[PDB]
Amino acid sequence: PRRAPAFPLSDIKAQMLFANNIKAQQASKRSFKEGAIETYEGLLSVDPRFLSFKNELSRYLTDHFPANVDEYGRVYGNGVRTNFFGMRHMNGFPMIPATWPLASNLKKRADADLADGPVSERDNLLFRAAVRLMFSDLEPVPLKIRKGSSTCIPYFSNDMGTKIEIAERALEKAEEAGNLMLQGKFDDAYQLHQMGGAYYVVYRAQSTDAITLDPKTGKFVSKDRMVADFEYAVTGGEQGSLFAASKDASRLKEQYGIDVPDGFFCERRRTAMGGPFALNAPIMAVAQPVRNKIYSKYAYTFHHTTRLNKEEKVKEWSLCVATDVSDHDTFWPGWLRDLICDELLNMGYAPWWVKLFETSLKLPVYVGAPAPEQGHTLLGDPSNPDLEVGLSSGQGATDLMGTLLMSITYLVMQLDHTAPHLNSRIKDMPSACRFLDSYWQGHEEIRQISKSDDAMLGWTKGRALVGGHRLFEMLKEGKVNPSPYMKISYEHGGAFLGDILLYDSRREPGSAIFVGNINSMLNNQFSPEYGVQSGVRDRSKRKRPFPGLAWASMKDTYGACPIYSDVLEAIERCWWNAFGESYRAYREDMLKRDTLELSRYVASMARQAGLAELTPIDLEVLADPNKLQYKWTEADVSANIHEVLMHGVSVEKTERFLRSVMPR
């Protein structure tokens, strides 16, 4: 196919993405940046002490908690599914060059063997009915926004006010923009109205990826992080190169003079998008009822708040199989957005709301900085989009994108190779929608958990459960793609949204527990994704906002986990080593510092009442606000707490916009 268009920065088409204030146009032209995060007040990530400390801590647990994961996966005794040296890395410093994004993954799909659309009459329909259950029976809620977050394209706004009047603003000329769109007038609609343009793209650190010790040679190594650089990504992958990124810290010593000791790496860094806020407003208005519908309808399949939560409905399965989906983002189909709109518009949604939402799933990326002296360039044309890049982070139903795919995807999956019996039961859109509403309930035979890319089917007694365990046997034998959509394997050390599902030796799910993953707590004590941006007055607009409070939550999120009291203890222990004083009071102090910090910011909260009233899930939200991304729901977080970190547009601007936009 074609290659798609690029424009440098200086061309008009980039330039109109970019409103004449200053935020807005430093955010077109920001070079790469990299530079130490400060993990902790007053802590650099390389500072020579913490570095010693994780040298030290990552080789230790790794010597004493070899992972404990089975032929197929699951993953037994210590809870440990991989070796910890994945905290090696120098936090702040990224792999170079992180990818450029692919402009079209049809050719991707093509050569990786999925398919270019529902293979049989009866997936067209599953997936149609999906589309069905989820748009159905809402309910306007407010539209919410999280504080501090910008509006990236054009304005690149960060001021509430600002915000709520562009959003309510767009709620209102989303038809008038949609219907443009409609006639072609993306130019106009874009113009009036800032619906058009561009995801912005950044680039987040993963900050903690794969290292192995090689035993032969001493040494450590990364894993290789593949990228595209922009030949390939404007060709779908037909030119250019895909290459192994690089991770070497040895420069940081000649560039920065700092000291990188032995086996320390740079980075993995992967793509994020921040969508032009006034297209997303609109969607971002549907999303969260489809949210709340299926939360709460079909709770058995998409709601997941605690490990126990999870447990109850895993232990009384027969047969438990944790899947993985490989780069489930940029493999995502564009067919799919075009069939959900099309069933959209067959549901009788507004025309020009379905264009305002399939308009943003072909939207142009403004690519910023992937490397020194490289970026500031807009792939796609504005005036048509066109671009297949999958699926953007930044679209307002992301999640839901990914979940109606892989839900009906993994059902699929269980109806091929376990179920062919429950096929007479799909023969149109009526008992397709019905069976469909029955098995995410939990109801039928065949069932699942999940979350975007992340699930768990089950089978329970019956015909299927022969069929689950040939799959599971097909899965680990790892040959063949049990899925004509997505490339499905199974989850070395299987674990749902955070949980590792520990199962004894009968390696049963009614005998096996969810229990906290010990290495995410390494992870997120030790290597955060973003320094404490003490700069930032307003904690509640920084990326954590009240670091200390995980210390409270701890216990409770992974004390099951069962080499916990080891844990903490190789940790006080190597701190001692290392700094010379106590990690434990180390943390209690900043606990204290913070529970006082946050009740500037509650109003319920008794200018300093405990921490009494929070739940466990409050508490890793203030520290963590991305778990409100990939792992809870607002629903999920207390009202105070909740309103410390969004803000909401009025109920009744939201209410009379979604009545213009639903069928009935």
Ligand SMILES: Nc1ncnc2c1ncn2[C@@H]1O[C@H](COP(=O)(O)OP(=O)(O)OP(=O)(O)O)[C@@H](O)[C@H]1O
Given for the second form:
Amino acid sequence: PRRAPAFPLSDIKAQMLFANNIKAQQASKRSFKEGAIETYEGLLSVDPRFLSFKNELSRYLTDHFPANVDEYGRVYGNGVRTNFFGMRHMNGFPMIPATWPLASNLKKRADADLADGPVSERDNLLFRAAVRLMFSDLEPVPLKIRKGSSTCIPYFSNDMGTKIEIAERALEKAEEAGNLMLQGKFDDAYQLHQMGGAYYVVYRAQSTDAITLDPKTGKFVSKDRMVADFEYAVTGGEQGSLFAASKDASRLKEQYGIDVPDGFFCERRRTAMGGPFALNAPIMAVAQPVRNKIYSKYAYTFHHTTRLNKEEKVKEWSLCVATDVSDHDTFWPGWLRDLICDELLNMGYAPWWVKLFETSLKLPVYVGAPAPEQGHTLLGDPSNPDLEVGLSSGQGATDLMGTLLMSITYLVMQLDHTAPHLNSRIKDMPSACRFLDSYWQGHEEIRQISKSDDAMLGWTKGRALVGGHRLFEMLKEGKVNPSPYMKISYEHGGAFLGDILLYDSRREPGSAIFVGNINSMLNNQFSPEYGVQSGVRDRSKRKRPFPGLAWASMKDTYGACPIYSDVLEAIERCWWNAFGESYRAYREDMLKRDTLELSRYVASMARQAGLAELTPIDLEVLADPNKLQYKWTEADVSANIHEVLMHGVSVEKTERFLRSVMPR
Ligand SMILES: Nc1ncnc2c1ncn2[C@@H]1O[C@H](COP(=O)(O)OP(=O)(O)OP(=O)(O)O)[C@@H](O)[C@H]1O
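Having seen the form deposited without the named molecule, could you now give me the structure of the form deposited with the named molecule bound?
To see the whole picture, the full complex is given below, headed by that same chain.
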């Protein structure tokens, strides 16, 4: 039903993906890798003391703080929405094998009963309106680049200088590239400006995943994670099979002679894709302005910061529904890509740019190493990009694509099941824009706060409110999908952007509050996704630059949690039992040390000043920059700090670029 061409590394098409240089060549050949992570300097994630500590802490917490989640997924009481067994993983050792990325998700969507286009004309208008509101009067900004980040295909450079070169060169030449593409000459576009090629697949770790303790056997059981084999991936699920990966860690004993205690498993791995930087630059140049716009003019539903920022908005609702989307990225519809490009073209965007955007969403994928002796295979032909993988985690505007979808999806869910009386307001593009604008500003009886697949759907007092309760009930029964676009459910233990929504006896938004998820603190402190990379001098280029700084923000981030104090004591106690040291002490040391090191990187920090003028956000980001691509944005981070992590291209240069893309 279209098989998707596949090419081995040795094929010329794959070879053209990697430049004549060491780094690039190595990335094309990189074989499957595995190994304990350096959790903290001097501490191996799989060290016996640590696993012991993990076994005791997880069992204890789970036993003394069972979840407090009602029939409707609202969490009350202790703020615990599940057991603490999630920490029981041999971090650094993946489940085998990782999945192969699906080349087409059309069958997948169809078999899941999702639509292959806007189903009604209203929907078609709202999606196009979303595009109109989001991409209009945009302001130029410098194109900020993450430090130590990669250029991926074809150079694989990590040099800031070279990145800036590439980017400037890209904004200068994007236009020729796109026109070349509009003429069907992708190979030329790629050969001449490296805009094309493929995404590079890298498997990332979900350091914690669900684990259950079956009362009968007294043995632990890990959530099975389904993966696809090469056959399945190239046939869109037609041929091939789709089985559960093995999380069994026993192998670690024979292979590496590591004592794997009972009830510990290999970690879940998620496919991640690095995009060809020459292609993402032109895109990022528009994407950031768009973020700025929606986070400013549409701050009500899009821009989120503190636990209280969220509280203000929800407290005022009569009903709060915490949604849940199944496998967002892989279901994301290509028809939406095409819809968006079409509308962009209508609004007046340079076709060459739109063409780049489009192409970035149908690009081939190079699979690295999903498992031992597996991979190094290119999926799809770069000469005629036509994959349909959903959303590529490393495309320049991934967050916007997920937010543009989902946001309209949720509104439609609301219109469809609770606010039929609003349809008359959506008659044509103008009325649609007018309506959406109002809605995104929190100015209607129905509201939402979201970021891609995370959302809190709300109802104020009114006509639609009775509908809202019916909807919530549809969700609890969970026998019927409330949407034609994506598989939707309610989150069991609702929370938004990391903070758990804590309901009291009343069980209503007004008397509820937003507390930090303490299980998150546990994940962050004992199951980091990456090691400390003590071998990297430049801390700014590390995945975790200043791990110690999180101690400083801990209270502010998680203090509001009902059993905050108890957990800390439990930790302290268990750490004593396992190390004969005080965890609090350990952290204060790490904290002093990192606070010191930091001043080296901050030009405005006295060479020994304090974390005096640093946001709690500043601290969490410095300890984990991942937070900067999922919880917050350039916006929420102090500019001092921002320069530590990012580096930009001249506004002069983006401004000139943007002026040629933008309609007006
Ligand atoms: N701190 C975090 N830890 C894990 N995932 C996170 C975290 N923060 C944000 N996410 C995200 O939320 C997602 C939703 O998780 P997931 O895809 O596994 O779905 P699920 O609801 O948990 O299970 P399933 O899809 O199999 O039905 C991820 O794909 C990821 O991008």
